[PDB]
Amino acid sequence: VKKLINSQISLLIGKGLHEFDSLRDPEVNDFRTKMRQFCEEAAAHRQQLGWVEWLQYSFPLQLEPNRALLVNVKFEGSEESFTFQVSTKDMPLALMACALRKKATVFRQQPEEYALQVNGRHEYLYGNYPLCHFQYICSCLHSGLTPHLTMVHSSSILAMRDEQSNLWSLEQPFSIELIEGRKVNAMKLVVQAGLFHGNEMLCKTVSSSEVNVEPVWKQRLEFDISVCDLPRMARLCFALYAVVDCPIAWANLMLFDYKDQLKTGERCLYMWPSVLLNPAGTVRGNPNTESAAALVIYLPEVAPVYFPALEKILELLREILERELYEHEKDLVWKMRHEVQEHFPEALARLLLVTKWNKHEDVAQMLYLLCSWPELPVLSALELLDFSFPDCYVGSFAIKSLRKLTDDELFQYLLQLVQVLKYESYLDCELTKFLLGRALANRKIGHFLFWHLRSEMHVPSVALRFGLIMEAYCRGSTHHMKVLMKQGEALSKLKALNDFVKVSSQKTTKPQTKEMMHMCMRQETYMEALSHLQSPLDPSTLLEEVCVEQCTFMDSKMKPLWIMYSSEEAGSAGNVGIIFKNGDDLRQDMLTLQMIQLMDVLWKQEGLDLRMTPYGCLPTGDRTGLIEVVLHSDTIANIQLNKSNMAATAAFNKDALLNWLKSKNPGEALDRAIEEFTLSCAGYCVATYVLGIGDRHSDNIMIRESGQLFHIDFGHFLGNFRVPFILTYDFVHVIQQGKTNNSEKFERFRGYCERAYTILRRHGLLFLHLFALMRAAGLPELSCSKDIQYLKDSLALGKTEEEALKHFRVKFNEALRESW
């Protein structure tokens, strides 16, 4: 069984477990045993949890960031159901007693022993929250559909839990010997070396002597820094380039190992190719030893010297600026550091930036303040996870302040926290143990941590780190490994089906490709792999029987698949679709959609519901991923074709959109449809302007039958093609209820745009911190400070609320002038 689990982990993570052992790396070996021990303890705690505590793990509550409603309730082993009239203010327990009292009269004879399952979903309704606070009830209330629930007894949940079982003395200046290389280029060869502490240099960069294009240097490179003054997280960086500039390769290493021991002596650096020095770049060598440009260096023996333990470390106008600073101002913050600890604890980041990291006495003074520093709010701690703060004690403190994150906040910031892993110097770190610990305690967290790691396994710079964490997670949850394998087997089938479709679309017509896609899908191996799985887009969503006749593909470049599903146990809530796309990098789309979803959350918290469509987008592999289908939706371009023999047929093109909404929302329903349109139109106008989303045409703008407008295919953001505010006449027309002049409706829309924008301005620092953490991903449109500047300008964060509002009204007016 121990061998079968090992072979299943290897197929799941995409890398054989034997390859980790073939490295013989003591750091990899220590990480593997420690994290396995950590994850098995987590697994042991889980198998003994209470049935309510198991529901919290397995099905964490989906809550929103008086009025009467009908609710259908049945029992597990019964087709019989009772429709009850309840209130939005009523609690699950009250509904459960109604269900048990109705069963008492039917069967002729405790709600504390039950939970409510959402029919055909891995979602439950429980705890002291009124029905309207559950995301599922909210969806039901807005759509006008009846919530369907199942009374699940505590014994049936226990049965699920059960079936799911498993030093200062060295004053000499730091120096290295540069022995030789073994590369390929056209000219002379120079090795530029630098000592860095994050983005900041610990001294000036020291260049090599020019050698003609196996180059041998055998030269001594000396740095303007003493050996005692090197911080624990000191990073030695190298860049190889050609001179007549021409970058070739780059390589980095930590001066201290994973056991705090200063490194000696000879080292071979397997360099990485270039697009001069790259401090943010990984500290592990290129695994392609065959075709990698190498560099041999000698680290002189200063003798065994370790980095001092914390016990040894511990022994050894101010307000007008504190909201980039001058040399005198830095000295002001440094001298008054005890007053920063006492009266301004949230100004920790500015204090860490003014400390001389190249001086061990300033670091020991800094760290002494840190070990007695009060816990910072979650917003402050996210700023400290940035590569601008590379110290291990600073990182350990940042995680300590992030422990108070709820599972919903951590789900919100999960993507950024996974990208911080790419900045880590060692395998065994506090962020990994925190992420692993929160993943093992929350099945939905576990789910997305797996997929964020798995989607990057084709990248060699992270393949070892990500594969080790995933193996660690699998030791902690054998059942979820099996669940995740069913997902990967479906994606393996979708990839092969998409490949046939890509080839077929160029040889024959769509009717013949679709019919031959269906026959391929109808094969037993396909029918088995594509059916009865949890959605990678959302674990609470169950993809039951694949609806072959309803499956197709889209006509865009990559020929993406349209896969439909149906469930008897869920009814109409089980009618779901997934889009499979292979050939495009989906990382940027996922980031864009996460940011919009965050905006929606922030607006909802201030009571502003702009009726957004935050549909799922998940990378799953190399240029592979899934998109959640938003049912009953069509593109503006498709509506605007103004096709004949339709109810949406218009006398003027400007009217097609309104007639379509009129056809989908007859009589009294059109008023709500216009309202949904205006609200969502205000949210997406603010979302695109803030995020610099350009190249917006009728083909990448969609509409739901409800009126809800949404955006698709986000390949560009943060101005990268300054995008102006955009207003379309066709949408102004629907807002103005079709009427030529309707200032009442238009300025009510302008009001919504202003409200949406000022709320996001108040959380502008949260966007700035998350986008800075996102720089670690390596996105081409999120590489430098000029991309981050774009958000400072769009949100006008350097202004007062009054000055920023006049400026937004300037951009909104300029956009109205552009509209015809």
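Positions refer to the first chain, counted from 1. Under this definition, the rigid core comprises the largest set of C-alpha atoms superposing within 1.5 Å between the forms. Residues that one form lacks are left out of the comparison. What changes on going to the form deposited in another entry:
- With the core held fixed by superposition, the comparison between the two forms singles out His142 as the only member of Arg623, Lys604, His142, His518 whose CA moves by at least 2 angstroms.
- The protein segments that move between the two forms, counted as runs of at least three consecutive residues with every Cα displaced by 2 Å or more relative to the fitted core, are 77 to 80, 82 to 84, 141 to 144.
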Second form
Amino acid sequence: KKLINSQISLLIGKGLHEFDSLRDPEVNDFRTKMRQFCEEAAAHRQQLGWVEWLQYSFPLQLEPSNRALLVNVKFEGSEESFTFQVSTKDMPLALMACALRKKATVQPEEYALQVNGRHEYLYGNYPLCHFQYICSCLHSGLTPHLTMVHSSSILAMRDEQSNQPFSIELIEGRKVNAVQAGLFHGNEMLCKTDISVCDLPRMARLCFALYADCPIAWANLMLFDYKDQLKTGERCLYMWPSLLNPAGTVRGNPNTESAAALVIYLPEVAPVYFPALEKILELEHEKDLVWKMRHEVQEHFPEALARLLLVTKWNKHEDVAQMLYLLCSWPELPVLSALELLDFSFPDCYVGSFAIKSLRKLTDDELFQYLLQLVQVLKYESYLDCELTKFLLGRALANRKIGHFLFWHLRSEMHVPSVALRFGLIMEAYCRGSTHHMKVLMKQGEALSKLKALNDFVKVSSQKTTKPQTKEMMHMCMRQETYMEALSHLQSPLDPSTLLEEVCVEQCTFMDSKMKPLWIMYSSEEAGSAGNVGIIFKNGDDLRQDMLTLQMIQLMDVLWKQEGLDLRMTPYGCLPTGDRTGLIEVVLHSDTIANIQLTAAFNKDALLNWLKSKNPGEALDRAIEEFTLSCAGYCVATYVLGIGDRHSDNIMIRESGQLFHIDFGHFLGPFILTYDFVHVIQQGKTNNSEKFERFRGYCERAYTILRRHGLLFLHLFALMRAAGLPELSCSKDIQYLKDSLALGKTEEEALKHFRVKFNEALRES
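Now show me the form deposited in another entry; what you just gave was the form deposited in one PDB entry.
FYI, this one's just the chain on its own, none of its partners or other molecules.
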């Protein structure tokens, strides 16, 4: 009744009074409208069925021949566990019907299979092989553990989890040192840094830059307000430190004490708004030809809308109204085309609304893949109340996994003052819709706060004393009441399906490096070996570049699995949580190349003998295949993304044989093919052509599949420019993908070019 308001403030890292203190009507209009939208989404959520509620809380973790395996099935009420044998091609209902007959001695449509000690469920018309939990148990050799949960238990859980030419007067400034004005409609100008007042578009930006050559500060603002009315008159521009930047935020600097301010005046012409859609509908040499053929583009080339929207004159109101008439009648564009329109080059709200309309067909799995890029588009946005915010919030309240990651993508960027207001207001609105999930994320917030204090304890002690004494100091600090309660019994921020319960204090350690990252181990009695999970807590380094690289490798694996090619990739979870704060998922039963190299007689034998120890007898044959597929997959991945600084310490190998990279610090500027890995692929033989030429084929096929989806990597990386990455800021960064994948060249021309690069790495081996 009263605690909710106080709980949001602690959770989002900013007090609710701070929004009210600004006295801005736009912020107040957002808080009132979004709350009603979020509460209506929460009202429909309670009206949903028991299976529909499972689709929200526990989304199906699905995979992107008459095998049989035993399954341990138990009930909610009793501790009785009935183990029986089933088939991999069987439906979950068949497993439920078989479990029903076991309890009869000692209807299945009323049950749902819950994964023991996990926030995951098995349901729907899909064979057992299509589930992520089943396939993971098969390679580990473990038997799946499921619990029968009746419809009444899911329904009871739902009830407990409920809620004239344009001119401006340049007055004065106040800066520190020893003013260029320009009008923009996206990435390009409207006039020279010479435009009529009636010839001004709705999404027009007035950009400023203060300099002496030495750049000092910049400031951008919208000509029209949130209520479609042109701004008048006097305005104070709180400048941001630094030629002219149109991509930057249209909101002033919050530090009104130290940052520079510029006073400007907007001359009154009448209370002139912008004409509504109803009124709009009535009204080198290649660019002119494309605009001439505009009707043929709407009828024959719908995909060419992006090229048509760049050629249209935004500085003339006649061309804008003519284009908008076609846009309202324009057919629905596919996912790939809609992602291109979200870029800063297309600022118009109607273009943005058309993109959202085309993005409505996205599945919860597809939305999760591009979620990071969609959150970045919010930075490019002009106003708080927009279609992208409504779409991201509406889908976050429809799927709890989406709502989990959306929150963390907004919470991690709260320390940045340019996005602190927007991201905080979106999180506040989401909390009004999901009251129970707000409490769930609070437990994660308490755990990360304790981890920061534990990392600070380690950072100080490691300098004062040695490594074994600092480890025991960390152990004694963890054993405390406050630490044992906050760090136990919570949903993992890296994966909401994974439950972190008991923390194994003795297994917990730290790396003796510059930032001192924490190693946190867990265990669950209900889950068993599935509950044995680890988390790496890092503080001081920016993990935004590490996550993006790991998300692209995850995307590569998804695109390869779509064409029936499983290159056994290891896409472990990486997620930033705050100011240089983040988490890394531990890939258990794996070690670095350096640790294994340090019995074997030679360096080439070190990796092979380790595989012979973990996979004995005929199990070694699978480990070589697992290594060959993973090496070929990561070889293309490290070449396309351009991952440099590669040594034995940043390359890891699983006990099953799977090879994977870690520590992605530098990207986008050949691929390493050292004989140490080649020796494993060739089964230990000095000369094995039949085993090497197969590996050569896997590298060539993986490269061609990514070339076909070449535009997808180009569209997503262009949207990530808003984040402000140090290695992904200029047009030269996106050019690396155009050079590595060779988009301009044909399928055969790029494959022949790839063969030269493949032989270059083999000659250096």
